[PDB]
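Only one chain comes next, encoded as structure tokens, the form solved without nicotinamide.
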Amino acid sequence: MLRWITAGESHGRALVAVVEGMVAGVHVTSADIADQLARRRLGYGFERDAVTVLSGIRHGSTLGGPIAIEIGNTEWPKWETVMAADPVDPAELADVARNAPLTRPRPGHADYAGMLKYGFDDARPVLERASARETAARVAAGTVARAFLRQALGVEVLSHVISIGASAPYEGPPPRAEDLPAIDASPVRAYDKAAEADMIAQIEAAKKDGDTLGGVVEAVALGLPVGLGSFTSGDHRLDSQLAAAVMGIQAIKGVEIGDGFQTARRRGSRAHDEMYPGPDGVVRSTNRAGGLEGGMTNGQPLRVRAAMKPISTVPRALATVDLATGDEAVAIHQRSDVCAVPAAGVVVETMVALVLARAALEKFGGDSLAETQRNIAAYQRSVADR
């Protein structure tokens, strides 16, 4: 089964992504990976294309075994001692200001709970793993999943920001032809020009106020066959899977499929997507469901929305405790950006792509892309021939 693992501290030597269980014969290259990593850097307002494929890909074609992708820490010389893997003379570390203890947990971050959980007196070991720099590894891994999805199913995963801060939410989703304008081209990775203006204005105002913003992104997966995921068990549902993968993203506090929480406010009479005959199979004219019924892809665009809390600690605003003393403190921020919502959309795409590729491989099996594609073709014929 497709599995992905991420390793790396934000300031440690390197990040690693390992993707296990991908079929041989999928075309992906380190350029594709660096491309997605660049997309992750999008948003009002990287470091660099040396990422390195360590294993699993040969001549741009997956080998069938584990694919390990390293992403180098571009400022490793700064962190070489502070985040040294090996022991470092504790006397030559007591001189290092960079190694000063972090004992004031940031509200909203892993710091406090992580410190108590692991018995750390310093938040460094926690924030190092917990930081959203980890999502770069996620994205390196999702690239394999995207390539597979495109090549096996003609599936495209994209995202667009629906709101940032108190902006007025957008309604009506993009296809893949729009990803270019959405992707920066647009500062807030907005599909809609009016929501874009409203969100840009939200960012300017929070920047000016010295504040930080969250937002809602929607990922959209197009071209998916019916019957990915299953209704046979709670955890087999794609719903469940997508929500795990998406909510596990740093700062994500909410997920919905299609109209989500708003569906919960509708009447059954207008909550669902009715079906009608077409030349080609059943057609629908709404997609309130967001492409999922009974935990399965239902032939409509998959739409996953995530709510991102503000991730950047606002500079001198948040009372905390200095865990060393028990005394009041002010939370010191680690990040300086007002808003990471647009890049969160790209992380969401990544998570969705991973789950989707795993589900596709579950149903269609195969050890090589050609074999999976044959099985996909046979399944599509069986659904067409009915």
The other form holds:
4 protein chains.
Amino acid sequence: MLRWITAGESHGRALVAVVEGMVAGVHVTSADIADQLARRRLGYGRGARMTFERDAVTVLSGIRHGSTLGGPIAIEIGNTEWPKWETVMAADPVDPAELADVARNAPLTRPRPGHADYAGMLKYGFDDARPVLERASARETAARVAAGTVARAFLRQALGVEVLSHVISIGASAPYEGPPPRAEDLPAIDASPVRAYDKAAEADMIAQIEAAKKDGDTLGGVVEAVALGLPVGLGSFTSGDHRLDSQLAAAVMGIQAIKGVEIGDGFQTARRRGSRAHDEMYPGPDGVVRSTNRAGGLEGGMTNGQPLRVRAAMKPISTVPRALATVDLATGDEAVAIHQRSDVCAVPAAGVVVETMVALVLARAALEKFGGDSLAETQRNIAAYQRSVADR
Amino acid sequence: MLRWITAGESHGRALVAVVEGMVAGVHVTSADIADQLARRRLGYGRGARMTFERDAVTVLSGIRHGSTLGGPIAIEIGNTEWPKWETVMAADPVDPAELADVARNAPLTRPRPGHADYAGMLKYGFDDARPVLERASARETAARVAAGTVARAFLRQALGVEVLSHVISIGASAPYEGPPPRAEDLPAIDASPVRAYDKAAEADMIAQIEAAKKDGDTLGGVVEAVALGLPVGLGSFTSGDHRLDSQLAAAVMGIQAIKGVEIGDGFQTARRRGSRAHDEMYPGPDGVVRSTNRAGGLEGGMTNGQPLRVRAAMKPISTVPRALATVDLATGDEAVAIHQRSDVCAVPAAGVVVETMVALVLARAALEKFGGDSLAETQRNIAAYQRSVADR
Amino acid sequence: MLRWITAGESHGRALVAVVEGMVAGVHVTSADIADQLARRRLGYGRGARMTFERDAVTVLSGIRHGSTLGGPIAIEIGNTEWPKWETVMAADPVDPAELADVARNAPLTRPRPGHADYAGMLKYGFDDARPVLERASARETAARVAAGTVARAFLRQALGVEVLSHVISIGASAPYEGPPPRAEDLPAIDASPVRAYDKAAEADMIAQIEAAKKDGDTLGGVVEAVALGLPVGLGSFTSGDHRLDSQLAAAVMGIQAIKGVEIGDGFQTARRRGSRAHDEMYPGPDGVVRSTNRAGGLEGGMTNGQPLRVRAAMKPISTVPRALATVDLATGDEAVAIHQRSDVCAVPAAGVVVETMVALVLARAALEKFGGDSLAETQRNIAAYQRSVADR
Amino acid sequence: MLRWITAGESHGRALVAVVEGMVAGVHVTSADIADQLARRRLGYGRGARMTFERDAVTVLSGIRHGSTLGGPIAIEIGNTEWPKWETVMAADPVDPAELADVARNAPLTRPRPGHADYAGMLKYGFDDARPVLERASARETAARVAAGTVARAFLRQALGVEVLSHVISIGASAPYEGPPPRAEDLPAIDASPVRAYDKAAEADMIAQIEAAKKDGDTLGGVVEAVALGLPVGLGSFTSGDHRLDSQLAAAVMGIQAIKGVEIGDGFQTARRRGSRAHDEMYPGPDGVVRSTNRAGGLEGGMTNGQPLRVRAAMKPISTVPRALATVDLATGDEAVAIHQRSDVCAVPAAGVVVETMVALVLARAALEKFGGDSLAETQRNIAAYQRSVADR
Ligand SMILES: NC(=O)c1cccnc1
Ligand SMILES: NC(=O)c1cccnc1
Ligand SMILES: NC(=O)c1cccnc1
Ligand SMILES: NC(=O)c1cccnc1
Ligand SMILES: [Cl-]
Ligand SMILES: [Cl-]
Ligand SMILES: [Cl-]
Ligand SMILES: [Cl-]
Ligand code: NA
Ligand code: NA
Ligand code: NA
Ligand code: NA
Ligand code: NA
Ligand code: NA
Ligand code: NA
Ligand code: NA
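Now show me the form solved in complex with nicotinamide; what you just gave was the form solved without nicotinamide.
Following is the full complex, with the preceding chain placed first.
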């Protein structure tokens, strides 16, 4: 089975992604990985969060001469700020007397509302929030995106599938409810300050961000990931855990700051009558065709061949300076929460991470159905299935 | 690790639930299971879907004298309609000539929009939808509820945790946005025709159902499961898959007809400014207290001690008679989809299933943190943790 | 992924096996299951352990008209002795005053050396061994064999693979070290009182059993499972857990009373020089051929196309009357262990269980490589792989 | 759950180990890791396999100031020979014309008997053995040992458990069948050229190696890992996969070149009568005591408190120069296998790897029973269990 794991602290020496169970023969390079990582730098005000200097990407294992080997793929992402943190986040012991004179090593005892700090401190018995926030930080999503690049390459090469995203709403903007983009629209989306597909929505969202920035506040939003070209029959109806919507929901809701996930029209579908809620089927040249995609490409836990549409609701992830009451756990005193990040809105970049998690799940589901140990083998199995479906 | 699996076809001989990894010493009985199963009969018009005769519950393994043994727990739920289906759904071969004279055995070749039928037929290479719909059917949720009863008993006995649900909206009703219920409110909720906690919302929802029923249409809705009494620190921030919101989203989205999941204020949180989106913390007698629960009891992937609130969006699950165009896959001809169920709205009963899936995930997470092989052992570990938290 | 789980107590109402992840379209019937279950009745003196009355087999789910459906397959095996145990092993509470008058309900507080009793009592905090021995009992292997029948059917139909076993040694017999049997030899083996393939070894083993029976003692032995017809490349070298020898060792060592597992010549291979330890390769008509199979069909974690040979060492599983000192945990007093079973040797029947566990692992590994959701799909993928190998 | 994964090719840039699910608060350092890695350099003739220059160890994540953080722990092990391989094993594409002039890049088309080469080439559709041998190589066991160090630290700190190993036999030596060593014996064992605990066996084994070295041959052997101080009740009898012997067998048999695994007296137990096969129990001051440990510390799938003894049979792992016939898969011609390693015997070093795999499994099983997210929490749970057992 395709599996992925991330490791690293935000201010540690490096991040690591390991992907296990990918077939041999998939073409992917360090440049491909760096290109996807660069897409996390996108978005109005993103420079408040990310440093200009790009981190070094190193493929440590599992790829030779631009082709996967079949074994575990380990990718390392450096931390350009490591020299500042090499004592505070040293792996090995440091003289506590030396540490006592390092202002940067001071414990953090005032948990931020909305973050892992409080519950994590209690759970792990930490008197300092540092070990919690270092691992909880959305910097970890860089490692996800490295892993996701492998999944993306597989999906394109094996199935001709493309994954992209666009932003539906930020703050109080009027949601974009038109058709999703296609792959050819990605350049324009990624050139939008808010990674919008619609110009009216783009202007509205930019205005929301400007107003929040002026007020010293922060915003969340809704993003839609779109996967095009999928075959019918990934996922299964045979049990709850095998339903592709279950798997996608796990992967997307597990992203930092995500508080909701929908497939297609989601919560709006729940407000519709059955006569207008579903996608009717009609005869077409090369099989059954639909005129609507309210289902968002999944029915009964499986891909139906329509575009897959997965929406994620992101809470505002940056703590508002001076606004939020908390408690100093060291003393029990009232306190004010201090922020770790200063960006107003991370929704556009969060979209890129949603794409990644969707790609990983889709690649896993494809390998479950089509099997194979090399790309050519998987491709033969796919072709045979496609022929058997066509011959119906 | 706590694990659960369901088996059975809707019209097969019986359903089976197996729960593996529950500690010994949890008090649970066949009567407890039957009581939870009875809660699936709740809801206005539910008798259109469920037969009056109650199915037989049999505990086959893993419980002795009302106490779990520590091994796998297998629960069987009979099918009162089996005599009608004992040939059509016979496990063993039947003379195809005999089968040819059984009208009930006719293949189903007109997939219903919104259901597993089409994709499942293609995926598994079936020329008949029967094997797909028999396993995809929400009758399988009975087996889930049997398993969930074990989880519920554990949560109550080990942690003093209660799980309940109430309905937020059905069709175009105005959503109930007030506080959630407590455990003591469950009798009144379960006595409501729409399992509502609010009388205004109840009337509105009943009206929606009446109008849909008159129009020969069907409805979905939104339900909120609520878990009370949880300790701080179930789930973790250490990776996406360990976040309790990820796990809950998987379990809830994997329920038939669910198209969206939210934690707390979910999608509305994405429309709020950071200054009003989160739950501020204040000093209190026995620790930190909050005045709001916008987070729905989870922050950074972990329980924070507030009520857990998980909302599920359900599409309308019953196919509207004569409304939906489809294709006869045998001929390629246009067709009209024929319904398998006739109930207008299954939202209230679906709430009971959401409760079950939440309970299973919570029990698994509790056993992950607190360990133990017997209830008394787990309880000692819980008490020690609670003391260590209190002593802060 | 193919998964299997067993549930049941020895004296409970029934056993249940559930197999999840088997493809649709595999031909298997209740008669096939009963036939494999009957093979557990084989062996000299087996009637000391098994009652003459055959247990009822019922397929509850996942098979229709003799063909798998693709969903979970649940098989129930009745307990003919249930009426004797229906109070002592009742699932629901019984008046403790009534129980106090039932001699059969007396707690067991004298753990048997060599069994789960002592450690299980301590682990789970039981003051009675009953709940431990009821689940630990090798009666549970009946449920394994039911599950294994599904795996066997798949292996035969998809790959033309056969799994069998023969006994190498019992007690102090001289081990049979000749070639393994082929499928056509199974009738003769199953007709042997000790399921031997060699007549000299058969006589020696029968003599050992006769001597032990006269002395009131018990015996273990060594069995070899053999799987024929496997394709090259099941399992992988990419990590320890993916090595097929790792997976087979887990499955076989997890059988009750097994204390050792070898692949091919195992421990003897460790005593040989490299010049005589391995299987040299030579040109042949339809590919590479070997003249020896010291490796037992696995090299570097993968099938090499030779017969797979897996040997299991079984300790003597029946407690010797009056021989073994133990402690009464209720009092701390010295005691003598009392036996639960009276058979001298269960090695022949244990062989049948080893076959089953090998079949389950092989079926899982085949589905991992070849994928597919229906048998025809898996078969096409297999054929394509076989062609690609042949074309080398 | 505790999980471990390794990544890396033998001649790649680096190896990586990731351990997920270890509690926070375990004291472990890069020096501890390097010390365990150094123990792989032990053994007569080991310098034929390992280069004098020690590889760099870098802890990338999951440990701060010598204490685990609770998140994933990633450890990197450098490759001192990388400059020689940086083109041949480059991750990114290299001009095939440039590669054509690099003798080191020549494909390997003559699979070695006894290795992954042949089956791996066929499985993955490789025309070159290089990608197979690079990942299959026992160099990967360095990454295992890095991960195992974390497990070892946890076992010592949480449970007072020590894991060690000694060599039982090499080639045709007379096996050492005396008592196992204790922790205090490790210095002497690690100072033995063959890591023997017995002086007679040591001399015999050294003689075997000398004779094989003179004859240009290679040897395997048998090693015993010993774990001391374990609590009663790790593992379970509730299913085959939960039996600790199953889990240990998987972990040990998954080590390169291992062809057999035994618990305690293993295969010899299968040749004994029940009256002499098991460990009788007697009253003692602080509980039940045994006078023998034929069981090797496990009964019914669980630790019984005696020393755990796990034996592994290793085939000879280095290919004998000029001895083994194979086939050139490029041409179909007969060929002779060429060796990748030149050491006569790797049994002593293999023992260190067996220790590591045992430690990982034991740590996982301990965390399953005792739970906890920090060491102090786990320790409290352990103490409470120990008290509850003592109070019996
Ligand atoms: N990159 C980010 O800052 C981010 C924040 C939240 C979710 N995903 C990504
Ligand atoms: N019981 C039901 O009919 C049902 C339908 C959809 C989801 N959950 C339960
Ligand atoms: N059927 C049996 O009695 C048995 C005993 C031990 C192992 N496998 C089967
Ligand atoms: N280090 C080694 O060479 C080795 C070989 C085989 C098994 N384990 C380790
Ligand atoms: Cl912040
Ligand atoms: Cl319907
Ligand atoms: Cl016995
Ligand atoms: Cl070699
Ligand atoms: Na390929
Ligand atoms: Na669409
Ligand atoms: Na208890
Ligand atoms: Na609330
Ligand atoms: Na088929
Ligand atoms: Na053979
Ligand atoms: Na600690
Ligand atoms: Na010992």
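Numbering follows the first chain given and starts at 1. Shifts are known only where both forms have a C-alpha. Here the rigid core means the biggest group of C-alpha atoms that line up within 1.5 Å when the two forms are laid on top of each other.
- Residue shifts between these two forms, rigid core superposed: of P173, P169, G108, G260, the only C-alpha displaced by 2 Å or more belongs to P173.
- Superposition of the core reveals a Cα shift of less than 2 Å for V216 between these two forms.
- Residue displacement note: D184 has its CA displaced by at least 2 Å between these two forms (rigid core superposed).
- If you overlay the core, the Cα of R40 moves by 1.3 Å between these two forms.
- After fitting on the rigid core, only one stretch of 3+ residues whose CA atoms all move by 2 angstroms or more between these two forms is found, at 172 to 184.
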